[PDB]
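Chemist: What follows is the residue order along each chain.
Number of protein chains: 2
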Amino acid sequence: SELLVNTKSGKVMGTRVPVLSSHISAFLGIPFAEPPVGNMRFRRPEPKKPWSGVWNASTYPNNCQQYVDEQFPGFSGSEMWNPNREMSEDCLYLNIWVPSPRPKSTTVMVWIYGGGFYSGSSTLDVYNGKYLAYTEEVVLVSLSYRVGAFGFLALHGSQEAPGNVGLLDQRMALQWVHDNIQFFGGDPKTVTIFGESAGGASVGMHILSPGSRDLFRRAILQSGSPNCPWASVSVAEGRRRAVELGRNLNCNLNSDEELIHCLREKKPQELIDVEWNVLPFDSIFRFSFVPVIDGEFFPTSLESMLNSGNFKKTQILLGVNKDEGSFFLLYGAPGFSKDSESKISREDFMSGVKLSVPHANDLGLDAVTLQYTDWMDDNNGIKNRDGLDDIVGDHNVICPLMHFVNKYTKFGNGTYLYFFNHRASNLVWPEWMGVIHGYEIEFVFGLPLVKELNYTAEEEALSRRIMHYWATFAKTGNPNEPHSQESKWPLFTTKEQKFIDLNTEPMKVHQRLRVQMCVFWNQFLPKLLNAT
Amino acid sequence: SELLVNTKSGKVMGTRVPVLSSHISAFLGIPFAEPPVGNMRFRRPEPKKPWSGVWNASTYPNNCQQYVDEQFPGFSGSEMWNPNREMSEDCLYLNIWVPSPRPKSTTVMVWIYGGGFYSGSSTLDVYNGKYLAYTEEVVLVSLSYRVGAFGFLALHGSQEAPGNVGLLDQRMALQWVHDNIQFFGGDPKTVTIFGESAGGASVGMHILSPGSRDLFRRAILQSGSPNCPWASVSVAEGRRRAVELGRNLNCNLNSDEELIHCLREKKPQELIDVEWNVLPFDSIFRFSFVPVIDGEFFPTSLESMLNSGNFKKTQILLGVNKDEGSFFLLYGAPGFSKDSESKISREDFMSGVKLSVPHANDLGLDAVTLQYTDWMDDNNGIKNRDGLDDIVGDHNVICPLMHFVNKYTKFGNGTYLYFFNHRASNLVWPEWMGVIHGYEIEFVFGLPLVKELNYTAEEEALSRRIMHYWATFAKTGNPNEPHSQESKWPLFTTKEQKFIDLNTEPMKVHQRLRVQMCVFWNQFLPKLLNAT
Ligand SMILES: COc1cc(CNC(=O)Cc2ccc(CNc3c4c(nc5cc(Cl)ccc35)C[C@H]3CC(C)=C[C@@H]4C3)cc2)ccc1O
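Residue numbers (my numbering), protein chains in the order written: chain A, 906 to 1437; chain B, 906 to 1437.
You may find that some hints are simply not true.
Each pair may be met inside one copy or between any two copies, as identical chains are not told apart.
[Unchecked claim] Once the Cα atoms are required to be at most 25 Å apart in a straight line, the calculated BS3-like pairs of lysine-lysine come out as:
#1 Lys1248 x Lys1400
#2 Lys1432 x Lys1259
#3 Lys1227 x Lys1172
#4 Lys953 x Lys1248
#5 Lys1380 x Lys954
Think of the hints as simulated: they come from the structure by calculation, not from any bench.
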């Protein structure tokens, strides 16, 4: 009865799940779209046709077809991110965690996983929503969307492979929530979408896209924003990459109709196996198939829409991690290792910045190098290692997000900015990697509340402060409970630009997060590249 | 007898001078050239034709025709630099202080005054050589040369105004020393030339010029070097400024000879009054009539000569002051005042950068601005003032000199590098201007040994260290006395790049003098301006 819910698409049967020392309801693997299989590959998704009977929704759905990281087999630090379920092109499902007993009209949060737009799963351990739903009395939804070529191949002009269909996948899940969340105790007029990395940029892209704005109330962006350099491409580049994807598979390249037909004949892993051969340069933090600026989902360039205020006016809560770049240097840069301190030589450093700013000309490379090199101590392996990390994280995450937050605040209705700089007491990665890309998700999702996971007492407390900020923001548009005796997270304004740290210590308020480096990244370096 | 000396050109009668609690010999205003007057204006100097009888040499000579600074009339701090004798085109004289009794063969130091190549006199109080001749038992010479258009108007191709005749004035005095200093007790085989500002660049230019290399032994350069941006021009820009000086005074511009004839009819102050009107930009630390890269004095470009090693190989001692730029901001930049602390607004800062890097495009100015702005505190008037100060000093003196120091040390036979950062306890200029362009000369010349000048006991000891450094270096090529247990001024090498502070505290050895900012000024900015 509590577990049996009738939706506009059909009946669904959930399952009772234990959560700490209590229980809540879970609805797992609910379909929201028609499977994008066969001739529906590279397609705009179509709504799930209603079903008769009762949908068994007690088990996680499949994961979408994606690259699988096999660098450290058996290593929990890397495999906690890989698909923990069978992969399939039939993957467009969503999951819901409802408090027990079921609320009447409670706040809804909708998780959007990240992963460079080429990977990601709704079913990972760190995305399990029971702790959040149960602790903050919210209805927690995690959606899914097609990644890699399956969701972002873009042959603009074709209605058959138009691009951005993975973004339409998320839009349609949010439409489902809009149409059905009431039957689970959720209030569709108070829906918060939130995501990390490509999920965070996705969230920002729904803030921008007119066809998405009315499908949610407010937004949380973690280590990602729509203007990121890795987050979108022109139709010309997206076309070039799709045409090049065919050339790698001996496809006929004369018509989109022929190219699309050829690529529809390929097994999923055939596309995945050559997915990276299509990038223009040797690079890190760069991905082949990503959203496109198409004049449709995005009416104009991301920057003109930001200048004109052409976007959803609401409240946003967003932030970054202290060492966003370390994960990428480990995997793609010379001199970095999981098992050493990864002191970086001068020769390696130069190769690093080349691989980090792959679009820059020789003058631009000098500019980056000069801004991050202490020429009293240029052979210092550690300053060179830490410099390269800052290069990667500033260029790709921090400074793109800061440009977004300053532009948005000029028109929005409330900004809250955080800096997550706590290193987990139980990290499995070496100490040089710092506060890693994606390792705040464990605290947002309350995993430190599980005593067997061996977080410290202070980390359980930090994870509860964070969950409550997120939830209170989702409920009210403000992370702070007014009238409460707690330290207050201040609003980010255009003039004072305040933000807080997130960590185990009492709160500190700072101003102008990485202003110096981000003036370089957001104003000087593009002006130098435009000229030259 | 001690004061009567026979030279290859005629007899000279000196005078017996008091110094501290003793006396020495002084020969003032000895002619070394024919008066470059009338039809000889702008021409190469001619050797002074011998005279019969006894030249009265007990009186300072005339000063050369030059701009006279009247900003602060009566103020000792600016008027100590103005001509203290009558001005005249008949100004090619030299002065000699000789210890008493006369030594047999003793080291010779030849002083070359600075002043932007448009001003400067051999006869100023701070250049009075008795203290240095007496305290260090050297024969001390101060020469003179033509400045302004009189010394450096350049119409390459013409033999009537070929350019660089001011440098040639210096060369001829050096030739006279080589020919006569032995009669005053000086060893012509151990002559050290030294000068500040334009005088330091001049010393450097004699190191480069083949026709000068044999006329001296070793060199000291203070707050100036031949590759400074204000220190030379092309033949085209010299001709351009010459033609414009003509246009400014309604001269026939048809031919070099008509133009030269017209200018030779003008009174001296007629030329001076329009001297500034020929500069290409609104600028500070830029001077109209300066040496020319002509192909004869300088065989090729200064950089090629520095690269090929085409220069005199010997020992050099050289350095800079802490705040070279404040004097020029006082006189030519908005917001600076003699009587206030001159906190600089952001608008005046921007106006400063433009006047300071007049040859930069907009990308260059943003580069300078970014490099010297603290964007956590951009409305700090002190930080803005001190930034503008560093921009002027680094771009015009410190970084130009460090490039010379590095290039020269690769081929030279001994470099010694100093950083003079003591601020005199009796300065008449405000604290914000720091250690000023020019104000190390007083310590080099031992003015702190005069009790009436109200220096501190520790400044007299500093001045004595400096005099002994200079004289010892001149005597031996090493500022350090052997087998003394005083701290040793380390040789500057290609790889360790050590230098010393000069102040009242015990000496410390540092490395890489302002290497961060000078990578920008010597390697990045020129590359950016060449690319844009
Ligand atoms: C656009 O900017 C402007 C720039 C100027 C330039 N100002 C001048 O030429 C005036 C001037 C000022 C001073 C001198 C000679 N005096 C000095 C000299 C030196 N340092 C000084 C430091 C101070 Cl604080 C004051 C005077 C010094 C150090 C030596 C180098 C020079 C160039 C001149 C001598 C000797 C000559 C000429 C005038 C008006 C402007 O608007």
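Chemist: Decide, hint by hint, whether the structure agrees.
Modeler: Hints, verified against the model:
For a Cα distance limit of 25 Å, the shortest separation of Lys1248 from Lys1400 across copies, 22 Å, qualifies, whereas the shortest one inside one copy, 39 Å, does not. With identical chains, the CA atoms of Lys1432 and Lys1259 are at most 25 Å apart both within one copy (19 Å) and between copies (18 Å). In this homomeric assembly, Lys1227 and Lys1172 never come within 25 Å of each other (Cα to Cα): the closest approach is 40 Å inside a single copy and 70 Å across copies. For a Cα distance limit of 25 Å, the shortest separation of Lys953 from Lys1248 qualifies neither inside one copy, at 52 Å, nor across copies, at 68 Å.
Neither within a single protomer nor between protomers do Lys1380 and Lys954 lie at most 25 Å apart by alpha-carbon distance, with minima of 32 Å and 100 Å respectively.
In the structure shown, a violation is registered for the earlier hints numbered 3, 4 and 5, in ascending order.
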